[PDB]
Amino acid sequence: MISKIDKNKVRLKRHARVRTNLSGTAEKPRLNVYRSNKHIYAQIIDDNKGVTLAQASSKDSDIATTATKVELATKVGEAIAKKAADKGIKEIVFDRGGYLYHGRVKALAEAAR
Amino acid sequence: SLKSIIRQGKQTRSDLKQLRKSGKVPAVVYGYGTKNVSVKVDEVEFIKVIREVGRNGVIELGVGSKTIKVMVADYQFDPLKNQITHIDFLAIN
Amino acid sequence: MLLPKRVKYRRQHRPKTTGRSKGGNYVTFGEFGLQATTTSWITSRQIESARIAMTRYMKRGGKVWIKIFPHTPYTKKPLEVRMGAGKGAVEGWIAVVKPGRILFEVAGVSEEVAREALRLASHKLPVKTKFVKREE
Amino acid sequence: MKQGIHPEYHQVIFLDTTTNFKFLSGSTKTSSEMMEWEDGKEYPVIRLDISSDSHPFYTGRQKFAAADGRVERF
Amino acid sequence: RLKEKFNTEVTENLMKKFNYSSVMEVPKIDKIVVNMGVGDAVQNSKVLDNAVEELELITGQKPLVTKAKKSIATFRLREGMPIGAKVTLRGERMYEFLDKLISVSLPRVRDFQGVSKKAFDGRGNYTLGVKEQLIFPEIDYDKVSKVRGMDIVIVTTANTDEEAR
Amino acid sequence: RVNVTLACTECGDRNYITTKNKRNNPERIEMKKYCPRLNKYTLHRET
RNA sequence: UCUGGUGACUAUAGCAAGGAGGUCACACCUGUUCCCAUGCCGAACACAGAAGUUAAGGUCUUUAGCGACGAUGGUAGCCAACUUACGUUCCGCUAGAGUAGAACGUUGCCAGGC
RNA sequence: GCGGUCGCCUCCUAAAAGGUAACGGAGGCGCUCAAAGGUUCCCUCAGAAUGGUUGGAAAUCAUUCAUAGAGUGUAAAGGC
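Chains as they are written, first to last, in PDB author numbering: chain R, 1 to 113; chain a, 3 to 95; chain P, 1 to 136; chain h, 1 to 74; chain K, 3 to 167; chain T, 2 to 48.
Careful, some of the hints might be misleading.
Unchecked claim - Here are a few chain K residues that face chain h, going by a calculated C-beta distance under 10 Å:
1) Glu55
2) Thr61
3) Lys64
4) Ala75
5) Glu98
6) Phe99
7) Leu100
8) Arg110
9) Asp113
10) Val132
11) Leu136
12) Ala166
What the hints assert, rightly or not - Pairs of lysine-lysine residues, derived as BS3-like cross-links and limited to a Cα-Cα distance of at most 30 Å, are as follows:
13) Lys5/P / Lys124/P
14) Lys5/K / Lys4/R
15) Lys130/P / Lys26/a
16) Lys71/K / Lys38/R
17) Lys19/a / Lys133/P
Treat the hints as calculated values from the structure; they're not laboratory data.
Note that beta-carbon positions come from the ideal geometry of N, C-alpha and C, so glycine has one too.
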């Protein structure tokens, strides 16, 4: 009955405080993930005028699946848009980013990096 | 109340205090169809606002064209003299 | 002696005395107001030597409503000494008035009393006054 | 689960005079009577309560001191 | 049992007691904040630490008075342990109906609260009574204050059969 | 608080100078510092 | 062109009421079997799954009552200037705050299922 | 003359850049801290009443009104 809290609120609110030092210049474009109720995302971004530089998606449906931490979570953890982009800065609003969204941070650590 | 004012002039130098002893007041209508296109009134025909409206109602304007009911709303009473300065109207639409 | 209780600082600056009035240019708590026409410092002692007296004309009749309260407390040195070794201890309370301000307010009682009462009261204040009839 | 607070405590078995109605979570240790599957197949020694013997709540009982009394020959 | 007794009677009423739009505007039970207190600043407070190991699930935090007027204020003593029901213990020593093990002051009031935060005080030795008075027969203060799933007393009332008071 | 002194045995020179309370921690303390003529953070004995 | 995602604007962008729809997509929804972990309770922090639903949020459309932006007409103040003794007054420039009439229930940046 | 002051830090006077006097009006310092330091996470203020051995209107954890009116080791302003 009493005030229940929304959580997209504080998710983007924290993205704010976290978006004060890290920002993709396309010379090192950050890739930055909207966790969802069932799925996960990612996208490379350049941050000079806010246009959308590069793009993939987990949910893009070359294959769908379940198990939000799947090898589908690590195929979104591999995919790229081939260019001259190198080992990006993993934007993380989600705790233990070194392991939580490591599903994304794992597979791409070799080719995009 | 049939009280008539006219379009006075802007770009005023403050030399008007002295043309003010001879009676006048500013006045500016609000409302659409026109704008803050000010009108000038005199007092000793307002020595008889006593019977005109009370304070809440109608006044004619005869201000060239668009002579309709206009409401003098605000108060700009003045100290030390029992004079008055810038009483002003509005359109009813 | 309308004075306060709790004050942060006890030594202050003389208030500015120039220009017109700001607020309290009308009357509320009664039909009749006594306006002011020049500038001075009314000094709480006037007020209670011009209140008891107006009521001693009013013979505990109708009721009054004061529109001036002394805030800035003025100070003064005791015996004439040298110049300059500190500031004198606070010994008064002052209120500043400008032209165009209602100082007193009363209701109910007849206009003969109003005139023949505020004329009694103004004879104590250092400011020149003028009657006001709630002249809408 | 984030451990590091409460110790060891789970459900138990207890049968009453009536209806045997006390089987919720427990932290109660004692010596087993005889175990079941309608209830614990483990040390059954939550003992016995007032849980269903009689409430005062939705019930009745005996009254207070007395009335006038000088109406039945005193 | 009790956690399901936060279901065994209530899912159908708490799906009907209101007639809201969807199932989820029609509430559940509001969470609890099992808190204890003391009336001594030293030893009763330093030695009223387990009765939570008895009733709550919290080992024992050390919060003190905040508002703390003239003689309330002290520091760091374990007078109020934050054993609020989160989800696991959110079926705590509260919905135990061991408030009948007194047979006094069951129906205390005509109502409960104008502030939705309800307070239900086992004042005396009403609660934790299945344990014999060994060391629990001394000074002991309670603080069962938590809100319920109803804006005022009104509909809170004539379906409150859970704790029946 | 009283003034102390640290020095790497290998170099045998006391250059670093820190402070320490005579009540908070009266027990002789020792930490690793970058003493000269070693090019490595050796152990310093706060004598 | 609808929604989801990033980057501009002075809350004109709001809190206060509601209205109505769907789960393509945000939501309410199942527990500790696991990754992490509340000195405190997996509600925040995590996992596999979603049979069940649209209240709420979410989005538009309504209230100018709730608050900021607040165009003119004046007026306080002020920079020169000629007077007089200034708690002023005249003469030239720039003219406020507050008060209204208003605008007022955001303009877009660039992508994804269409 | 007697008395009191004499170094460093903050504010007002000081007239919207900086600077600006009087035996003008107010407060402070002669440290402290192995943590109150560095780094990575994680969280959130007051003035508000609920009726809870006990109640000292104030002993408690909640809950919502909570707009910085809270908290900063130390005075005051500028900040968060």
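Results for each hint:
no.: 1; hint: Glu55; result: holds, 7 Å
no.: 2; hint: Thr61; result: holds, 5 Å
no.: 3; hint: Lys64; result: violated, 14 Å
no.: 4; hint: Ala75; result: violated, 28 Å
no.: 5; hint: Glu98; result: holds, 8 Å
no.: 6; hint: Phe99; result: holds, 8 Å
no.: 7; hint: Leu100; result: holds, 9 Å
no.: 8; hint: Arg110; result: violated, 13 Å
no.: 9; hint: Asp113; result: violated, 18 Å
no.: 10; hint: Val132; result: holds, 7 Å
no.: 11; hint: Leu136; result: violated, 14 Å
no.: 12; hint: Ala166; result: holds, 7 Å
no.: 13; hint: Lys5/P / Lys124/P; result: holds, 26 Å
no.: 14; hint: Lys5/K / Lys4/R; result: holds, 21 Å
no.: 15; hint: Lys130/P / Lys26/a; result: holds, 25 Å
no.: 16; hint: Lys71/K / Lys38/R; result: violated, 50 Å
no.: 17; hint: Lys19/a / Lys133/P; result: holds, 27 Å
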